[PDB]
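The form deposited without this ligand is given below as one chain in C-alpha cells.
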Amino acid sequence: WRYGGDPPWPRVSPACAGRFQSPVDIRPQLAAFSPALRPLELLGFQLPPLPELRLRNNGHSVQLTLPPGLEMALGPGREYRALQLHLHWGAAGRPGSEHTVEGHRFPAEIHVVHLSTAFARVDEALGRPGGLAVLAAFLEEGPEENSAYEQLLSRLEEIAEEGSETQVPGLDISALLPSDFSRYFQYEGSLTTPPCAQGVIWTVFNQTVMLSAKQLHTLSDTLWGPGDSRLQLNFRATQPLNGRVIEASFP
C-alpha cells in the first residue's frame, strides 16, 4: 500500500472501510467537556543512552521502536505499554499533520502507539475496544531548535533509503511530547494505515511542540519512499466523525 495511490486500502484491509476511522477534524466547539478525564501519567519514558533503539525508514514514515517498561495510563485502570513512535509531515511550505483543528493542518504530527496491558500482542488487540491507544501531538514552527527532536532528526540522513534502519541512543521520549498532560482531546477511532483497525483510543494534546524551520525541513526533505519518490505528505485524509463525540479534558 501507498499514500495517494493504489492499491484501494479496502482491498488491502476491509477495516479501512469502517465507519469510525481516524484521523479526524477536531472542532473544539463541538467537543464535550468531560471532567472525568484526568492528567495522563507516563512511567519509564526517560531512557538511558543504552540499549540503543531501532529507527527505521519503513517507506511510509520514520518509526522508532520503543523498549519494554514504558507505561502510560489514560486513567485509573486504563493502562498501556508503549510500542513505537512515528511522525507524519508535509513538504516545502505544505503542512502534513493527520489531525486537523477546524480545518487547519499543522506542519507535522507525532504518534506514540501503545498496547493495552490486557493484551500480549498487537494482533489480539486489533479491533478490540481500547486495545490500542495513541498519544498524538502537533509539531509547529518555532524560533528555537528542539534539542529532543534533534537527536532523531540528525540521524535521518543515515536512513534516507526506503526500508533502511539505524540504531540510536535512548533519549527522554516524554520530551518529544508537550509539557501539559492535563489538556487534551480524546476520541475512539482507528489505525491510520492498513489494517485500519477500530477501537483505538486517540488522545490529542492541546499544547503543541515547537521545532525550528530547519528541523521541519530536515524531516520533510531527507527521506525517500516507494519508486523514486520523496517521503512526504505521508498523512491520511480526514475521516468523518460519523456521530462520534470528541471529549475534552478542559472547559
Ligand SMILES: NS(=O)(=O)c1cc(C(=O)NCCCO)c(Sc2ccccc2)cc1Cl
Second form
Protein chains: 2
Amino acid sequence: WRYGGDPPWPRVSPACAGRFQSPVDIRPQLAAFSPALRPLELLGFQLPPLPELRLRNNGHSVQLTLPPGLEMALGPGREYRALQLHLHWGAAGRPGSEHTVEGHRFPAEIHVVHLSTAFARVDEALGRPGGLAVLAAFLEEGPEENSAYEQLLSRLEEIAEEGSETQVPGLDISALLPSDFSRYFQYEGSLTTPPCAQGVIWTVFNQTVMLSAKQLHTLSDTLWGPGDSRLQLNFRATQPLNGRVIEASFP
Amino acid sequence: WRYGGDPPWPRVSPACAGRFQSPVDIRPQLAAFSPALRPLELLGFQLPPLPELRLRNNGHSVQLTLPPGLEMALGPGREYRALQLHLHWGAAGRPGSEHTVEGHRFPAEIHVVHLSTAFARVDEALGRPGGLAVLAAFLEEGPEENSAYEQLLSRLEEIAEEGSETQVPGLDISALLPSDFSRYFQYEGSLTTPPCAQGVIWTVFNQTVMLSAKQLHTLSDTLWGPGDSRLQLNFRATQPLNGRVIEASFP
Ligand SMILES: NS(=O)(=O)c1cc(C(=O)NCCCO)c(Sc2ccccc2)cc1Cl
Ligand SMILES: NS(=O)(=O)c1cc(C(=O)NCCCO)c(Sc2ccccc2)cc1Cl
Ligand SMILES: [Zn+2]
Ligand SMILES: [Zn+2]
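How about the form deposited with this ligand bound, since we already have the form deposited without this ligand?
Entire complex below, previous chain first.
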C-alpha cells in the first residue's frame, strides 16, 4: 500500500472500508463535553540515554520504536503500554496533519501508539474495542527550535533512504507531546493506515507542540519513500464521523 | 465457591482482590452526564414460544440460557450478543440487589450477560476491556403481579434442588427490562462472582421494574443451594470505585 495511489486500501484490507474510520474533522461545537475524561497519566516516559532506540524510515513515516515499561492511562482501569511513535506531514507550504479542526489542517501530527495491558500483542488487539490507544498532537510553527524534536530531526539525514534506520539515545518521550494533558478530544476510530482496524481510542490534545520553521522543513524535505518519490503528504483524507460523537474533556 | 462462607474468593480467584471490581454504590449526583451515551439498541429479544430455553438452579442463582441472535449495541460499532440472564436477591425483611443507589439496596437485581461480537469465544473476552457487557436492572415491590417475571418465578418450584434444571417456553426477554432505554448509568468493572475478571461494561438502568411482594417472596424463598441451605442473599458486598467515574446517559 502507499499514499496518493493504488492499490485501493479496501483491496489491501476490507476494514479500510469500515463505517468508523480515522482520522476525522473535529468540530468542537458538535463535541460532547464529558467530565469523566480526566487528565492522561504517563509513567516511565523519561528514558535514560542507554539503551538506544531505533528510528526508522519505513517509507510511510519516520517511526521511533519504544522500549518496554512506558505506561499510559486514559483513566482509572484504562491502562496501556507505549509501542512506538511516528509522524504525518505535508510539503513546502502544504500542511499534513491527519486530523483537522473545523477543516483546518495543521503542518504535522505526532501519533504515540499504545497497546492495552489486557493484550500481549498488537495482532491480538486489532479490531477489539479499546485494544489500541493513540495519543495525537498537532505540530505548529513556533519561534524556538524544539530541543526534544531536534534529537530525532537531526538524525533524518542518516535515514533519508526508504527502509533505512539508525540508533538514537533515550530521551524524555513526554517532551514530544504538549505539556497540557487535561484538555483533549476523544473518540473511537481506526488505524489511519492499513489494515485500518476499528476499536482504536483516539485522544487529540487541545494544546499544540511548537517546532521551528527549519524543523518543519527538515521533517518534510529529508526522507524518501516508495520508488524515487519524496516522503511527503503522508496523511489519510478525513473520514466521516457517521454518527459517532467526539467527546471533549472541557466545555 | 459460595456466598458469605468459604473458601475466600481471592483464593478461588485472586482477581476478586483487583482494584476495579463490581458491584459499586451508584451516586447519581456524582455521575458524569455524557450526551455520547445513546439509547440502548436490543434487537431479536422477542423470542418465539419454540424452541424452549434452559432454566437452571446452579446453587449460586437461577440462570436462563439465551439462544443465538439477541443483538445489543452500547454505541456505534460496539455490538454484543446475549448469552444468559440470572438474578440476585435477599431474604425475609432483607433486600439483595448487588448495585446500591446512595447506599440503598433494592429487593433484587437482574443481569443480562453479553459477549462482544469482536471476540469469537468467552475465554478470549474474559479480562479484556469491553469483552463482556451486562445490562442490570433493579427489581422493586409494586402493587401488581409482573407478567414477564411470572414466566420464571412460576418455574422455581420445579428446580428448588441445587443443580436441578427444567425447560421453559420462549419469552420476550426485553419485557424483563425497564421502560426507558435512554436513561442508564455505565462504568467498567468485573464479574460479581469468581473469577471476578475485570473489563466488564456495566449498564444499570435508571428506572426499576416492579414485582408483587408475593413474586419477591417466591424468588428469595423457593431455591436451595450450598448443600442444605436456602439460596438467599446471593449478592456480593459493595466494591470501591477507586477513582472510576460512573457515567449517566441523561443530565
Ligand atoms: N496512524 S496510526 O493510526 O496511529 C497507526 C499507525 C501505525 C503505523 O505504524 N502505520 C505505518 C506507518 C507509520 O510508522 C500502526 S502499527 C502498524 C500498522 C501497519 C503496519 C505497520 C505498523 C498503528 C497505528 Cl494506530
Ligand atoms: N453477576 S455477573 O457479573 O453479571 C455475572 C455472573 C455470572 C455467573 O453466571 N455466575 C453467577 C450466578 C450465575 O447464575 C457470569 S457466568 C459467565 C459468563 C461468561 C463468562 C464467564 C462467566 C457472568 C457474569 Cl458478568
Ligand atoms: Zn499515525
Ligand atoms: Zn449477576
